[PDB]
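We begin with a single chain expressed as structure tokens, specifically the form solved without S-adenosylmethionine.
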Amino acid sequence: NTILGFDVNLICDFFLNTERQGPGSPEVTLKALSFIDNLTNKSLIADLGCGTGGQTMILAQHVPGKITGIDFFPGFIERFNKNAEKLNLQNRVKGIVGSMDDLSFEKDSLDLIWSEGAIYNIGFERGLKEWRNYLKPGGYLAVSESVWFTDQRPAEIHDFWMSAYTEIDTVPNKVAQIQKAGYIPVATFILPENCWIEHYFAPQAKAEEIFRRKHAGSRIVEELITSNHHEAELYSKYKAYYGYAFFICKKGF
């Protein structure tokens, strides 16, 4: 929780005070889940890039099976596990510090891999390919990912994204990639705007004044808040052109 150095810790600390690290909502998590038909008490589930496990606790409360959440940051996993313990879920939900690009799950062992706002870390197509190896045939991967809504866009929004996440793409392109990677694109849907505003930007803005003051004079924290604002301003201006979508993918063969 402070083992990774203060520069990293300060950013985690910010997100420990906030609702969400990217767009999403409890309703959206449950709607993605509504497309998964294979789960039983014997299911093994992984949540990759789980952060503090907010969406993981929603899964756990709505599906049978055992869930392992993997995240790079001990501070998040500390929160994840404390939250599981408050809910009494710890015998079936466990948070582990680990890296999405270096997993040690048994091949073809998982019924479900979940990942909200996190596959961009390893890359959409790379995650499709690598993670497929850990899924049972007929198993599911459910991931939320940045997308373009249209064929043509203003250069201003196009450029921001080329500098942030070069893998943003159109929904038809993402769906093509899913099929190319050997899955069936069973369900794909765009997140409503409340996933970005009420559930993400708004609570984020709410926490900023107090956090900035608590860490008065910290450049790392100032620049963070400045980024947060830029991201939020671009969205208010260009949301006609982009958003997030959930992709539910069934491993083929």
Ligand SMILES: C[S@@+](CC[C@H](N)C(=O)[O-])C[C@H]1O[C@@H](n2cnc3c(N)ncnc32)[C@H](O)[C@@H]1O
Second form
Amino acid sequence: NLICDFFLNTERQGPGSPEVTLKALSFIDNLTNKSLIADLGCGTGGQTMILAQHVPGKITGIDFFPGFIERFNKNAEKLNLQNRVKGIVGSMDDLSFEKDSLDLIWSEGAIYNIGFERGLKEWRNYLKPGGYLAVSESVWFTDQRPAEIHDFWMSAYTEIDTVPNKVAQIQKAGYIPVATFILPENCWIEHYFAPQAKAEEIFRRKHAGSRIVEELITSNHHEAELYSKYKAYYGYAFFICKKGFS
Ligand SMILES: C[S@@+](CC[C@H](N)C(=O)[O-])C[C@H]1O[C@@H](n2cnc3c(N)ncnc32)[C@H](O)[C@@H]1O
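Got the form solved without S-adenosylmethionine; any chance of the form solved in complex with S-adenosylmethionine too?
Once more the chain from above appears, this time first in line as the rest of the complex follows.
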């Protein structure tokens, strides 16, 4: 409801950065102006527009919040990409894409809404054999971690896991684990948490007295506080996978 509004004030609603999106793209080599691309849980489309400026083909951005899709389509226009890039309000667990029709499925910081292993399994049916799946997901950097952070994550995303386990689940799902890399901390600080600050000031005064808004801000500071304290134990990792049977 009012949450979309808060996030409309940021270039991105999750950890990431232009360099990271392009570094992930650097592992995808099957695209042409005939390629069909989908970006699941695209948010306002920050990473989608970056992607669109470097790869040919049509891109469909899909997101649950109508507020984000409107922003996605308006930005697309200011950029003159509305012919090959269009936002659609929908859900990643209820897609209507033709089967085995996509060359690439993109999803940054959004697969947790449906679960990693579930996403791998379900989205595979919408990809052409030899197509690509590129997703950024939360991961543990080690096998042991302090309780404070571990518990926080069980209450947010129970499916967070180490890089090795994620990689084995990818192969198990019937994909070739093409490329896997950990995101730099600036994807969390410089590009995620820092920008949320400017937004809070302005947002909080505008919605003064709103219990929802106040708790959102508390939730942000807590998450940020936890990261700068346990950043050495977790983060995001990008996973590029090619659907088997080439
Ligand atoms: C962490 S944000 C990332 C947004 C954008 N991908 C980015 O990296 O800036 C998660 C996104 O998933 C979207 N989302 C949540 N549930 C969804 C669902 N069931 N189907 C599609 N999108 C969903 C949320 O609205 C939000 O835009």
